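Here it is: the structure, laid out below.
With one protein chain held back, the other chains of the complex are shown just where they sit.
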Amino acid sequence: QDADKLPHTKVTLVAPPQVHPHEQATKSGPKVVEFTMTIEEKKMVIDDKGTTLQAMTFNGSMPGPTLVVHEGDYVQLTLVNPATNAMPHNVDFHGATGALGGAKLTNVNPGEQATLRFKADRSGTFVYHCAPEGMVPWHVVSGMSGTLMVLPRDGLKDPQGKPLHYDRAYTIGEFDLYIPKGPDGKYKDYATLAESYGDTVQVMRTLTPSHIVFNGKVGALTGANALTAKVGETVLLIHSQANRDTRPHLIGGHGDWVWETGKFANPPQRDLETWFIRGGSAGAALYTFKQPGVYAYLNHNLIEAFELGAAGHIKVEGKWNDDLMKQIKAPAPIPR
Amino acid sequence: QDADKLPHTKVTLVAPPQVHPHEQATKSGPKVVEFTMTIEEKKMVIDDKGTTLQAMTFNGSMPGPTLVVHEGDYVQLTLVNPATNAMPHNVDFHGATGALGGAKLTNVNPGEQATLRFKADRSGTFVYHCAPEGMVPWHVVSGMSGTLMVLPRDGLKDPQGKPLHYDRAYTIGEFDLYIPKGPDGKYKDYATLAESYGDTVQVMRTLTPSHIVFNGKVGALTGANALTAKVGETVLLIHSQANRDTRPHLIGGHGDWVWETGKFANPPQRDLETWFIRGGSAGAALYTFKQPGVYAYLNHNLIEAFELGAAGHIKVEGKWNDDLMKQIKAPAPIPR
Partner (left out) sequence: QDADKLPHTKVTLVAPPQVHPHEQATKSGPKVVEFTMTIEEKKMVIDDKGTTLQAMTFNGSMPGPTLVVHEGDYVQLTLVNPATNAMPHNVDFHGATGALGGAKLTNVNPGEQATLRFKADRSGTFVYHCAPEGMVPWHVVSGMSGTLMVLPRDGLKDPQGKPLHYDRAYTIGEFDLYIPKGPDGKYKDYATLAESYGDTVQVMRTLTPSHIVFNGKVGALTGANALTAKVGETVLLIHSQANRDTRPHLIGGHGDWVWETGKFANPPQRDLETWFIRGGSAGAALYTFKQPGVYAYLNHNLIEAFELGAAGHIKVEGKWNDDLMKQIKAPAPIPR
């Protein structure tokens, strides 16, 4: 169908780690689905010792919100760059065809907006990110990425074509940060975004992140802000990394069905311990919880997780199952 | 079935690179398979110039021994932490469901042991590793990991369901080491395990290993200690990396059938040159030897292999095959 003649619908976005309400399988025909995002440059505290990032975001968050459509829909995004920002921006959708993903059609200076339409003709989770000419990696590593999820119109399927269904979706964006230090060994704090540029590029070129965080900060997905679920619930875990490889793992769980390359027309793999998200992509995993407790969800380079920040928690309610796992003898003195 | 009512069997473990005797396809029903491992902290010489590691091991070796069961069996491990060790330990089985892989149920101080049961309900090769709260990567990178192999009850299968069988299995654990240097440019030697901690964490955070070794040392799987096979023999090569990615390759061979993500319910890939083991996982490859000679088996980041240590040898006996490869003209002066 010609998109100029199709019905339009508007979606209200929600902040990560939630995902806006949506259908999996649907009876709906194709639609032009309208979204708006507003760019916010801001200084953010990213660790427990007061380190700051001169950050750049879609809609005030790292990652930007997840956009959900169905295969055959059109995405119609209005991108707003308020006059309170200092830098130009744009958007590159890996789900889109042409014009550098849309970047060439969405160059907005402070004080400007633009509106882009494209056909979501391929199912999967896809990264979107900012990409302004001459300063592409800086904008990405400072926070400007998120996920577009294009569901098959009849929902997710296993390798045999059986239906898969989730009860809740969560979105995790992983950010390799390059925070400069000065000659006193302390991280630098900058008064403006532009002042941070040259020092940051030098750190970038070492390919060694200072921090690697989920969702904007060390510990972002812990404490009051842990993810939640119940025994018997099936969760979809969307994981994006716009710049650098990562290897997700659920401690005490599995990826029941995983699309590590993120593209739903391909059969998923089962029973994964650890999967692989290529830098520049988003992938997705399903898991049905079978045990209660506080799980960790992390990058299984354990230095990247525990030392640099790439780890969160999932607090799961319900009944413990001794068939799956039992403590036969608690820690006690070695028999003599 | 309820595991409390099932038959129990005990397995005697063997040191890497061998794997304890086991059946592939079996007529046996499900069993509770009992294993014991004893933790040993020890100083180890890891290279040819006398560099030492303040190491931590399951059963005295890097990697720990490979445990083999069949899908539907229960693993029942007694983990012993003798009073001669300095640190607490535990075990996280990626093949297990709940309680941080078993880590929350197996916290043993020096002088203690514990016994854990879990259902091996998913087929594949899975990492196990130590994971004590607050010092997880240190224990892993110091040597505390190995493999649990859960075979399908009817043995390994190709994508069409045809049986695959191996004559010999070998287990290779690859260890990214972070050995500190002092201001004189020499590697540090420490009198105790605890003394090595702070300096090691600083090296870890650079994400640059000093050494990357198979099976505990540069050259461990060479010389008298090379792997062996014969023309016509099919080998299973199990490869674990609990912390960091690697890319196995057999020089002059292939991966005939490879499960790089390590999970046997998924179809394998054929004819691989180089495969990929995600940090935090174990994978497996089958190869049938067709040529005699001394092969290398290595990580194909050739700096990681030849400069940092991630390489071994396979010495293969038998008859050379000129149909597969022939020297038509030996090195000689260029025709003039």
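Should a chain be cited, it is by its letter among A and B, assigned in written order, with residues numbered from 1 in that chain.
The rule is simple: contacts are C-beta pairs under 8 Å (C-beta built on N, C-alpha and C of every residue); 3 or more make two chains touch, one makes a residue touch a chain.
J.: Which listed residue, A:119, A:157, A:230 or A:315, touches the chain dropped from view?
T.: The single option touching the absent chain is A:119.
J.: Quick one: say which of A:31, A:70, A:94 or A:249 touches the chain that got left out.
T.: A:94
J.: Just name the one of A:51, A:57, A:66 or A:76 that touches the chain not displayed here.
T.: Only one of A:51, A:57, A:66 or A:76 touches the chain omitted from view, namely A:76.
J.: Contact with the hidden chain only, please: which chain B residues?
T.: Touch set of chain B with respect to the missing chain: 208, 245, 247, 249, 251-254, 269-276, 290-291, 293, 295-296, 300-308, 320-321, 323-335.
J.: Taking the full complex into account, what residues of chain A touch the chain not shown?
T.: Residues 2-3, 76, 78, 80-83, 92, 94-109, 111-119, 121-124, 126-127, 131, 136-137, 140-141, 201, 204-208, 242-245, 261-263, 265-266, 276, 278-282 of chain A touch the chain absent from view.
Here is the rule we use: only the chains that are shown with their structure count from here on.
J.: How many angstrom between the C-alpha centroids of chain B and chain A?
T.: 32
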